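Engineer: Each chain is listed here by its residues.
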Amino acid sequence: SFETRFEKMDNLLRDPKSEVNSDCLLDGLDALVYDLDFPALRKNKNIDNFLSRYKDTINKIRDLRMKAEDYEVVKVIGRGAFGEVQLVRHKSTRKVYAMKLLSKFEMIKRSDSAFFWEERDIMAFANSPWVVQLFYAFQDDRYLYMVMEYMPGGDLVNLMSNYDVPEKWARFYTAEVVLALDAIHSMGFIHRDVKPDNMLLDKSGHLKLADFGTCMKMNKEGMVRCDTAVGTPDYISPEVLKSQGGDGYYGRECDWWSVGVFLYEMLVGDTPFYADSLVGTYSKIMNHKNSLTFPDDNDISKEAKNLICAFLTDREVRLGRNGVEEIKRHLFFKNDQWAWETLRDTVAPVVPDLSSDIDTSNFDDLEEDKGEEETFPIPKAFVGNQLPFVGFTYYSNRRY
Amino acid sequence: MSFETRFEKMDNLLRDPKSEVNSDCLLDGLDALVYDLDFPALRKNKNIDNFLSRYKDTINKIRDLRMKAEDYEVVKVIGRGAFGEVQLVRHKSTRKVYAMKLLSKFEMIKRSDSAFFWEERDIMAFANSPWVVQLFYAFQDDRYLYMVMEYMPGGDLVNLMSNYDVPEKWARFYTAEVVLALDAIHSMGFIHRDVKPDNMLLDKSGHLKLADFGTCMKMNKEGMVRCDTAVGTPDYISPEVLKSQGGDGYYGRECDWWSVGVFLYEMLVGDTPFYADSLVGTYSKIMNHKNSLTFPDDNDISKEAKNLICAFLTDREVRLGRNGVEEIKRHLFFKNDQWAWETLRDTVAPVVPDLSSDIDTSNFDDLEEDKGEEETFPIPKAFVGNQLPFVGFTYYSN
Ligand SMILES: O=S(=O)(c1cccc2cnccc12)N1CCCNCC1
Ligand SMILES: O=S(=O)(c1cccc2cnccc12)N1CCCNCC1
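Those protein sequences? They're chains A and B, same order as listed.
With positions in the first sequence counted from 1, the corresponding number in the authors' numbering is that position plus 5.
With positions in the second sequence counted from 1, the corresponding number in the authors' numbering is that position plus 4.
Treat the hints as calculated values from the structure; they're not laboratory data.
The reader is advised that the hints may include incorrect statements.
[Claimed, not checked] Label pairs and their computed distance ranges (CB to CB):
#1 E74/A to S97/B: 42 to 52 Å
#2 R58/B to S361/A: 38 to 48 Å
#3 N327/A to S97/B: 55 to 65 Å
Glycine residues also receive a C-beta, built at the ideal position from the N, C-alpha and C atoms.
Next comes chain A alone, as it looks inside the complex:
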């Protein structure tokens, strides 16, 4: 029908998940002009003509659309390959955020994943108090930007370095993590990289997961097929580690194993598979059956040792293989301070005391500035480097 058509087309233009919404189209055009405006390319009439036709237009667009200079960088609060994360204040709204920058070039400079789609998707649509929230995603010719909510409480790595974590606390966090992961699993993802670095605390001291660059959609059997291991040395599960071209087919248990590693570390202060060198940790992980030993410390409760072991074991017998409910029913969690379904409503073990909306006391210092890093080389022929990053923008068609 002539009506049905105008409508479907209207929906494809609106839907916050359509590959051709205003966000995708404005991006598509923005990408083109960006990937054409080079003297070597302008030699071609069409290109030159087109660009002059859209010169005034494209410029007005880039001034109306969300851009980097719309934010006042309060301070850098995290770095990594592919880019950094900075405490920013939106110049116009005065609203404070944690904006994540991603070097378009760096990711293109061998990253073999396009990981950022998962992260954009999850943080933008999860709508879970366990997931860091993405408010805006925009880009330019050099960086991807992810305007997320700021977690003033800092990460769990920082917390652990400042306190000798008592069981009560360890229980609380392990519990919030378990609920957080369960929520991510519910969205149909295996996290694959559960670690204290990605565990952040809000202004109330409650946990949220950030950084989902390793998340991968589970199949109908609830499994994942991967020939190359992903994650972190200390926390990678024996199966994700051994994952080979021979198959590489594991379930969500790999996350629970990591939770065990997480628990062991809070109580002990060391990782269950620490070694002189990374490669040592590798051997100790595969040999978990023998390498998993607790130091002679009379303070790790029976239950704690039990759960840690229930997690740090071969997938087939690992606690969690039979849904999250069997983890929750473990004795280690048995307490008289909270119940699972109301946990994030109980008072946290460490509540941050913040001086201002931009208080970064719970984040280690970092240099700032650096000096504009090298990006793509000026094209001699049409390369189209902005094409892989079309539709990343989350601004014109976001969900409400």
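With chain A held as given, fit chain B with the ligands onto it using these hints.
Structural biologist: Frame of chain A; chain B with the ligands shown alone:
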């Protein structure tokens, strides 16, 4: 501007028809970027092979959903030449009759001239004047631009003049409607440059409208328009536009009035005042208009008619209409007791077409067969971008 402002100015830009970034335009940019990239040679680049593999599913569905050629049933061709054929079409779904124009993307690309259509699209889509043929839909594909306009069943003035020995009363009426039409086009800030009987069409009521505006241009600060472009059929073209072969020339709107003069002479005489066997012949006689312009020894043509024709057919500097349209309207030739300017298009036309059906083409000559195998673009080894000149042409009405 607040964040709310900025956000909304942008969100409205996506919905404005008069916007180059409207959703339709943007959808072109993508639709196009798929065509001028989906070549085995270009697939080598991953950013391309990936970009295309991602939008394959989507882009196809899009092209099928949007307004496409096979949405129209071609009733009969009613005009050809230029870069395509004007055909009588009935919308398959709405069952509405339209005059659809086609423009070979390749043909334009081939012989430069791939920018004229912007003016025509704009004027016919936004003029909103009864003196202008209306553009309802403008869509495209990889090969043709399409301009779904309103059908003018009364045919053109060329046809009318070939069937009647135009009397003065009639000549006056049409000259008057042309004058009003052009003035309206001038009001939008355009110099027409190509006023001729071919583009003068009559509606079902026998009233004039201008079609084909692919020669109009925006008047600069002082109301002029420089230009350098070859000239086809100079019969109606003015001395200034002619002496402007190469950009070495700025002319006013009075170039259109000269054409109106040519128009009037032809209706009353039956031939163009500067006709010659060759194009260069006509051109020469046009330049030597101070001497070449003669009237036959049959004083059928009235005093006023001879005056106006001469008032138009003269050097720009002294040409009638250099002091606004009002001095043309006040000419005696138009002095009559049948109509007044401000109500002219409300008076009964000298020739009202009698139509048999909504698809009656009796007032249009049968056209030949093209037999043409419209050449196609060659497979590019790099990025040619033969779609970029036609990006933002797509236009829909509400
Ligand atoms: O800056 S973060 O990358 C970071 C990522 C994502 C969202 C964030 C929200 N607020 C603060 C920091 C955030 N981060 C802080 C210290 C370094 N460890 C990783 C967590
Ligand atoms: O068919 S047309 O091309 C034509 C052009 C533009 C709009 C039209 C609208 N209705 C009918 C014919 C139309 N045309 C009549 C015959 C040949 N002379 C040129 C004008």
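Engineer: Now tell me, hint by hint, if it's right for this structure.
Structural biologist: Hints, one by one, checked against the model:
no. : hint                        : result
1   : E74/A to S97/B: 42 to 52 Å  : holds (48 Å)
2   : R58/B to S361/A: 38 to 48 Å : holds (43 Å)
3   : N327/A to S97/B: 55 to 65 Å : holds (57 Å)
When held up to the earlier numbered hints, the structure conflicts with none and fits them all.
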